[PDB]
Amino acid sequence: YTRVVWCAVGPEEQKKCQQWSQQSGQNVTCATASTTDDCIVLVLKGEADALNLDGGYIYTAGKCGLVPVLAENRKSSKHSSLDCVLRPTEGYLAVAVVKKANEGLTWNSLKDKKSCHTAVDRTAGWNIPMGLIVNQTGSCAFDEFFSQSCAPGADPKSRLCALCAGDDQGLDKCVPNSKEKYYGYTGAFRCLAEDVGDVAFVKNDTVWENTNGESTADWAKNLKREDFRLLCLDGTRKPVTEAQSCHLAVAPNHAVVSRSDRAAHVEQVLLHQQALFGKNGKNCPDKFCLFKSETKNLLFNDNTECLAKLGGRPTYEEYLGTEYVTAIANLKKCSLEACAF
């Protein structure tokens, strides 16, 4: 069984994946697609074995029968004696960030503002905030809530893509992959940091990893945590140090999914690959680091300490949790059960 074919979303993840391939002795090989959904399709077809996914894509993947294999585990202090690989996942905090200088902007004053989403169908950048909004406004017209937005994956012509910038040559505007300047956690935050949008829907970690010198990237260099605030659901504004108490929801960690019949082997190969390229990987610093990508979260989030065993051999609905799964169906009622491909 020993060859695992990873699916890369976009050319940058492709470049990284090939490096990982070369270094793995072709134990890991690559397949590329322009979107996560397409990568879900190559795995369904058996042309790729796996990829790591945000919760919202796990939902889509799971309805098609794909199963969670290993979950991303970030740097947590609590539960410190257990190996990261066997450490329960704690989840991440989906937050709404704004510029402090943008005084008076609260959760209750978001209507008609400019927003930045990681990508349509993602947990923190879309399902959480939009499900909240739809719920709160009683309307399915979330395409009309923000005056303008950058929501990779939405219709390029629509105002949900208006603030997206595309790539270096302005091409691929709004594609849900790293080619789009404002794609993902980093891109949605850069979208806010450059005042292209008024609010960014990312996770707690995003704000920290890109402020106070934590990045070096041109646009982030000069960012200071105090210039940002989190919008709490109670209409309040708190510093980005108050995430445990000012968030939209806690999200299930991004996780690797593969076809049910390939899971066991994808799991085995993966644990052996992070032992080599993970946070303490034998060859990480020197040769290759699976969880680093110049701050671009390619294939995995950069703050991933390791990929952990799941426990309860959970279904995708159990891994996402009932609370989260209800939100996504209730939100998708605006677009009853079956694989979207």
Contents of the next structure:
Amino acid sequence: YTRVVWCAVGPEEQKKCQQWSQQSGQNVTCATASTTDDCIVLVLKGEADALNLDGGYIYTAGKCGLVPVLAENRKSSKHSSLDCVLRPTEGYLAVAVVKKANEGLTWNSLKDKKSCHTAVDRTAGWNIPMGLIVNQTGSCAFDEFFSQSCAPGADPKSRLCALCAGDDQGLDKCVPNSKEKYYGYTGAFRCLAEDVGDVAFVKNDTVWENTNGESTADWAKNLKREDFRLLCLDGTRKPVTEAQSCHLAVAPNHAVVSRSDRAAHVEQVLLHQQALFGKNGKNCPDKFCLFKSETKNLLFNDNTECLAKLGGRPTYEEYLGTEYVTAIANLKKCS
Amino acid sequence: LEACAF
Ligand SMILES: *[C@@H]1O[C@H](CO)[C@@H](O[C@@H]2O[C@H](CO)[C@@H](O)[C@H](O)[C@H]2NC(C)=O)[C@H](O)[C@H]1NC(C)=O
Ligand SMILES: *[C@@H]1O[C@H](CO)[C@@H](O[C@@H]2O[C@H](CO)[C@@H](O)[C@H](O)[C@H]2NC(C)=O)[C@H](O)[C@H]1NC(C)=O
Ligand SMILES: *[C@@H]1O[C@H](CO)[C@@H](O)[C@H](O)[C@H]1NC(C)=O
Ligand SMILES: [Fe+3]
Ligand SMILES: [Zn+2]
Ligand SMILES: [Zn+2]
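Here we have the form solved without the partner chain; I need the corresponding form deposited with the partner chain bound.
Whole complex next, starting from this chain.
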């Protein structure tokens, strides 16, 4: 068998990857790059094997010939006797989140407000909301819609990065990795929690996992769910218990991609590494938990129960689904 | 809506 070379995005991921590599007896080793697109290039060069990707990045990777291998499966809403690895994935709910106290704001008055996005090119943070906004405004000028934003990966001098904050030192402002304070689901939801933004584009799970004590993180530890509302596309505002009726889209779960030539082996190695380090794995929490990182969603989302086998050996289009593929293609026409 | 970005 060969070792599998994981690609870690930024130094926090790299630190986790190195602990995993040590715990796996070097069955997994680590390459690191600054951004997800760079990891994708290491994988296309064959200098890394795999990483787990949001569906907007799966589209980038898939256009370049990389293939989905296993998908993130979180706890199911409904009962299933099937093992996690075989239980079908469900898709997460992209939402637009505001503060309850910001009473006047709805979907229809977002123009000129401040927004917080997980990063450019990610599903709930970018492709879904900006694709909807471009379509509804009839204008590709999405860089001018919000007065200011944090949208990691955008030009650091532009309004789309104005609200980003960088790392502890204020370096790396707007870089699309966990060094940036407002990066990712938890960093965009923190951008809203701290009222840096008026709106955060994240998924439903984000709000629940970072409120009412579910996170002990200093910035989250004291947030109340009731202080937040979801923006629905019909212009109404709802409590965050209503995401199933007040979302912008259902997103394909994050998934591992690799070169086609390495997919079989990546899939076999990961199935084994999660038997050891996954949720109730033989060596988690004793030795190392592959799906934990103190809320920071490093390498995998912290809410991942297991990586699950895909039905029908799907291509990346099949995996993402035809509508979402078309939605991205249409939005990408703007650039 | 075509080629690899890299
Ligand atoms: C929104 O996300 C939250 C967090 O994932 C979901 O709430 C969880 O649902 C699971 C399965 O029902 C429960 O067993 C967990 O206890 C819940 N977590 C928390 C922190 O309350 C919720 O179901 C999602 N809402 C929708 C409509 O999908
Ligand atoms: C933005 O608008 C485009 C243009 O209508 C949407 O694309 C259409 O999606 C439907 C269903 O997926 C297809 O049958 C049409 O053929 C598509 N049109 C084009 C030009 O491809 C797209 O879904 C919208 N983006 C969103 C909703 O995020
Ligand atoms: C590493 O992989 C080898 C080969 O499959 C396997 O025998 C061993 O159990 C694995 N050990 C760890 C810690 O992953
Ligand atoms: Fe995502
Ligand atoms: Zn829906
Ligand atoms: Zn197929």
